[PDB]
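First, one chain by itself in structure tokens, the form deposited in one PDB entry.
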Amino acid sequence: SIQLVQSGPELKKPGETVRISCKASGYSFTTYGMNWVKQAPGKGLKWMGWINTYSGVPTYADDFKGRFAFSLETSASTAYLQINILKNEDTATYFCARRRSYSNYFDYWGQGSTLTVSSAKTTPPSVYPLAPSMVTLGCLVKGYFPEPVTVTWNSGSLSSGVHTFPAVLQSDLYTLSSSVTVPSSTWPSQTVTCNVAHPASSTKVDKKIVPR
């Protein structure tokens, strides 16, 4: 029941600084090396380096010597990645990964922290209800920045028949749609609500779907 849990998505302007965290649980933090891996959108994995969690000594890959700093808070079982003087192409999901060294491999990974570096403003989504054996209802999650958003239906109680589609991007705003398919005999007599979260703006929106 070992886990690595990272901090959430962030939007920063070029020139600013960000600190991403990776909290280990289920083992002694100071006994395994913690590695950092960059994945730019649509690109491969790039090893950034690692930090010795006992001594606090960081080792950087050459492409990450300069603006990058690895540090620790051992009492919190947490590793940190700081990036200074941010550039657009620092936009990426960053993963922490534990290395075991019978075998040598990356055995546990954090979920990723998605960093967007842009001059565009944080923008919460506008959420619109989409009404027309089964009926398909929807929610349009329009014009948010940065990624990502999460969508559930009836607070997660409605899971079967839910399809959430990939976002599109245009002029520094993302849009996506989510749908749920329910029996026609149950709507509108039984209420259906989409729940949208946009972590980077700390917003949550509920929208009831009612007939149009």
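Positions refer to the first chain, counted from 1. Basically, rigid core = biggest C-alpha set you can superpose within 1.5 Å across the two forms. First, how it differs from the form deposited in another entry.
Hinge annotation between the two forms, restricted to 21, 120, 185, 77, points to 120 (rigid-part boundary). Relative to the larger rigid part, the smaller one is rotated between the two forms by 25°, as taken from C-alpha superpositions.
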Given for the second form:
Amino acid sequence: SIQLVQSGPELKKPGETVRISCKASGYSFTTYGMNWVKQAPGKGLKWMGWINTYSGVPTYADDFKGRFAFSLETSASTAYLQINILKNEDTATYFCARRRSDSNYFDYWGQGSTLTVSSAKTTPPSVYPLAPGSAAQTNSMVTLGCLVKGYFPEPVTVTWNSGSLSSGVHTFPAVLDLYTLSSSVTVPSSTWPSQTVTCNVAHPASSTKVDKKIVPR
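Requested next: the structure of the form deposited in another entry (the form deposited in one PDB entry having been shown above).
One chain, no partners, no other molecules: that is all that follows.
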């Protein structure tokens, strides 16, 4: 059946160039023009234009004349978007899409490719165990945390006891010139510190895997 499969996420520096792919399947590739749509994070969809899949001729929307280029290799049913002289504002998710027109609408979409353009260098997190400030006394529960500080780019993953603790786990979204986030887990006070509780932090982009065990303070 019909689908559009796009290449994976990309991280580039300002001034560089990038190419995004859109592989179509399940239909006659040269019959339907390929459209491109930009969506900056939190923002609205910007139609970038479209390319004729038979003649190769691209049609650019007004705000995308200059640094943008649509291309294709029809025998591979694949369309491409190239962006030159990258800048921070190019940070977006990009979609390719097919349109039917006899009724008119975008009937099929790529899953999107996420582009990040930043001057920041890839950086592993410092991980800090967060123990409570006081002993639990007679509270039934206790809440432990991990601080994942100054990493780039997104994302990291945190598990607790190698995935063994799952309920009571809350990983909060990261803030900003690097990323920092925090994970918390809530467990019975009859469980910790009597039993061992360890947070597992993975930041693939730097190939880091860190275990930090929570000890009373």
